[PDB]
Amino acid sequence: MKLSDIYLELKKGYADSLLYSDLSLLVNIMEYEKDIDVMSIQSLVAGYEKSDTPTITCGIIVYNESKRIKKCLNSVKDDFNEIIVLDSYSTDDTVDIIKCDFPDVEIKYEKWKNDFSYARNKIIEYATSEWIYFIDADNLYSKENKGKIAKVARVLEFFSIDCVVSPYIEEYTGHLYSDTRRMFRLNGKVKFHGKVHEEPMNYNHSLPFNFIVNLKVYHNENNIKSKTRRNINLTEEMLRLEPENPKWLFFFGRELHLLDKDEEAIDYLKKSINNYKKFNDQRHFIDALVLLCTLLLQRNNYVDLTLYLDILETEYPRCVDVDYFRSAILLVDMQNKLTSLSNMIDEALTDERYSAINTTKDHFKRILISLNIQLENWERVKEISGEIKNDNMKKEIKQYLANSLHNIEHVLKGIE
Amino acid sequence: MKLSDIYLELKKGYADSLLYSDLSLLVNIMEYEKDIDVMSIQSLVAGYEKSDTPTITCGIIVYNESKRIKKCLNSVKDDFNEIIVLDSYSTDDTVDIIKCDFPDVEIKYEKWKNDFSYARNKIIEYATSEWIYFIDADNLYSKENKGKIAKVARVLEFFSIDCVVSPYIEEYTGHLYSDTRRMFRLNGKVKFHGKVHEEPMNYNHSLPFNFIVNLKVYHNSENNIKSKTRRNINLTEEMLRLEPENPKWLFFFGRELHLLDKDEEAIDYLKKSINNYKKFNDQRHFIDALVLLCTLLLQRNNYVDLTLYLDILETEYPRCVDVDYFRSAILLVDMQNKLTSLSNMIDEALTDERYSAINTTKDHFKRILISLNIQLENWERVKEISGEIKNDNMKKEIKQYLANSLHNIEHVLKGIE
Ligand SMILES: O=c1ccn([C@@H]2O[C@H](COP(=O)(O)OP(=O)(O)O[C@H]3O[C@H](CO)[C@@H](O)[C@H](O)[C@H]3O)[C@@H](O)[C@H]2O)c(=O)[nH]1
Ligand SMILES: O=c1ccn([C@@H]2O[C@H](COP(=O)(O)OP(=O)(O)O[C@H]3O[C@H](CO)[C@@H](O)[C@H](O)[C@H]3O)[C@@H](O)[C@H]2O)c(=O)[nH]1
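Chains D and R, in that order, are what the protein sequence lines are. Here our numbering is used: the first sequence runs in plain steps of one and ends on residue 416. Here our numbering is used: the second sequence runs in plain steps of one and ends on residue 417.
Among the clues, some could well be false.
What the hints assert, rightly or not - Here are some of the chain D residues that sit facing chain R, going by a computed Cβ distance under 8 angstroms:
| no. | residue |
| --- | --- |
| 1 | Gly194 |
| 2 | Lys195 |
| 3 | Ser327 |
| 4 | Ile329 |
| 5 | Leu338 |
| 6 | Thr339 |
| 7 | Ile345 |
The hints are simulated quantities; they were obtained by calculation from the structure and are not laboratory data. Quick reminder that beta carbons are idealized off the backbone N, C-alpha and C, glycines included.
With the hints as extra help, turn the sequences into a complete structure.
This is how it looks when you write it as structure tokens:
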């Protein structure tokens, strides 16, 4: 059997049950290709209510998080049995904000070596439970996960599936990450690797299966500039060890972008993309393509965007962002068609050629306003709008300029 | 020696001369086909110095014209010497605004028969000068037409040219008419024909040649237009029922139907007029028929039939810039269409079972939509869509972009006029 099959058989067969109820916190089930050996589907829902419920501990590593450690721990101090904060010798409060308001949370210490894995890996060895789940301090643990976490541990042990576990992280942007690898069995197998952009690897160097489970965490400045300068130092390091690695070329390339060094980021993204072709962990391959495409787009480099676009479209055909960059290009072509039309109208007006409608060629000025407003070309519309030579056209334009003046401050009203 | 060549031997040479000054008040000159008997050039400039300067009477027919008759007669009184004013028994004052300030302008009377040419007769009779000039109550004789009139009458009497004379008459819309036919020699050769849309004709009903001269005459309107039209159409329909296949009248009746908001029917007459001008001799208003049918076809969003009448407009009057106006409007409508079809092709897209790697919220798609419908001025949907974006920084920039164009509108709106 495949876990996929087991879930189906449990749908019409045993949707009554608890094994079912708790197996539906697993999003990711049709991805699990390993045989789960079973000899009776009936004995299984029955043996699941007899199953042990495991212990989860919650590891947080903090530096100067005076601003956000309170809301963080509040989200989380009721959902675990043991919470371990790992102070890297904060210069501000943090430590004592924790000590009075949160009496039950262990506080430990560790000087910062420039290694998120070493820190993270301390809390692993300090931790007493039999699963761990990591959460960072600017993050917040949805009210919705109440009583759900250990249910996820329980099923995965009940089938004894080896995996790390990703909840959904929702960016403050609303962007929703699902390769987060934040929870895993505390059983000697599996330890963080990497000075930065670290993730749990099962220690034969690995790459464990990832259950996306149905748990959620939410956000809680222009200190992005701060954090990024910190990480690029670490990323460039990790990359100099493996200078041809597509993941590291992309990671570095990305942070270069974040430090607006876009021309240099495009080079690393172009190299990352060449190297993913024949390379096994293709997880961030898409992230390189859609970033190189936006940067190429932002530099009005349509030929190279089209080339990379065809790659994104053949390598990931069900990615909607292909349709995004194609739209963006048509809309560019339309701008030029508008401009070219604005330009033959000017060429027309400057002949000897007479008008039978309005000898003042003043109806042409209706189209040219219309057409340069559309092009956002207020420079040239303000102009054209003086060259008008008649009251009742002027009378016509100002009354139409107002009804859109007031349609704007109507939509501008009800956003913020 | 033709006339346009006499003007080349003055412009090149005899160029400070009094003949050349008065002859540059004639615009229409290379059109004058008749040849002229000269001695030399010299003989001809000096004969002009010893020539004359004829007299011009100014004719005005009027009905209830209380509001404009004062401004009118001002423009004219210091410029003609004799001006007759034919009242048609106007029920309001009018006649006595003329009494007061304009004592030397000889108010004659006449009962109104529905015949504009006939009213123009009765002023040709009473007139005593050599040339006549006509003007209407809603026009103002331009300030800068100072003593230019009789220089026109001189040059035309000197070469003893037969013709009618057209000043430029300015619409309330700023448009300049130059087939106006307002001045002619009072030598029993020229006279108005036609109950309405009268013009001066030779006595064999032929068509006097039209010098366009360099005189400006302006305007003074709101909704007297609907009542003037409703009167004129009564006459026009009569004249039409006489030659019911005459394109000039098919056009005139269609035009007035239009001015009375009977557009659906105005097009039917414009179409027949355009069909009949093909052959027909006097094609003066052929162009006016086409461009009015085109502008109405545009208003009704009938682009298929617009294109077809635009072709005819283009083959017949290729140098009319109004061709390009209509081709432009079409091209631009096709743009709008491509845009809205993209708006929808984008919409279909961000529903499918299809994910984004850039932003799960697809909020970047929604920004492209917002930007289409701002361009499409579909402010309706700019509102819906901007409610469903969850990234506060984009919602901030939509706020700041709208403010940009809000400010720039309120800026261009200021310095119009
Ligand atoms: O010297 C430090 C710096 C940070 N932290 C804490 O550890 C986490 C690091 O997160 P952060 O300061 O937010 O850096 P980011 O770049 O925003 O975090 C991303 O990048 C890190 C570096 O790989 C990852 O560990 C995180 O999972 C990932 O959210 C946070 O809880 C910090 O408070 C420390 O304990 N010591
Ligand atoms: O029973 C009338 C009605 C009007 N008028 C006067 O005649 C002139 C006609 O001008 P208007 O009343 O403004 O009519 P429109 O339709 O605006 O004028 C156009 O249409 C008329 C009919 O063809 C022409 O006389 C004009 O030259 C032409 O400008 C004006 O001075 C009127 O005051 C009369 O004499 N008798």
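Status of each hint after checking the structure:
1. Because the beta carbon of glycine 194 of chain D sits about 22 angstroms from the nearest beta carbon in chain R, more than 8 angstroms, this interface hint is broken.
2. Hint status for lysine 195 of chain D: violated, given a least beta-carbon distance of 25 angstroms to chain R, over 8 angstroms.
3. Below 8 angstroms, beta-carbon pairs count as interface contacts, and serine 327 of chain D has one with chain R at about 6 angstroms; its hint therefore holds.
4. Using the Cβ-Cβ criterion of 8 angstroms, the hint placing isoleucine 329 of chain D at the interface with chain R is not satisfied: the shortest such distance is roughly 11 angstroms.
5. Interface hint status for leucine 338 of chain D: upheld, as the beta-carbon distance to the closest one in chain R is roughly 6 angstroms, under 8 angstroms.
6. The criterion of a C-beta within 8 angstroms of any C-beta in chain R is not met by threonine 339 of chain D, whose closest approach is roughly 11 angstroms, and the hint is violated.
7. Given the 8 angstroms rule on beta carbons, the hint for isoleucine 345 of chain D holds: about 6 angstroms separates it from the nearest Cβ of chain R.
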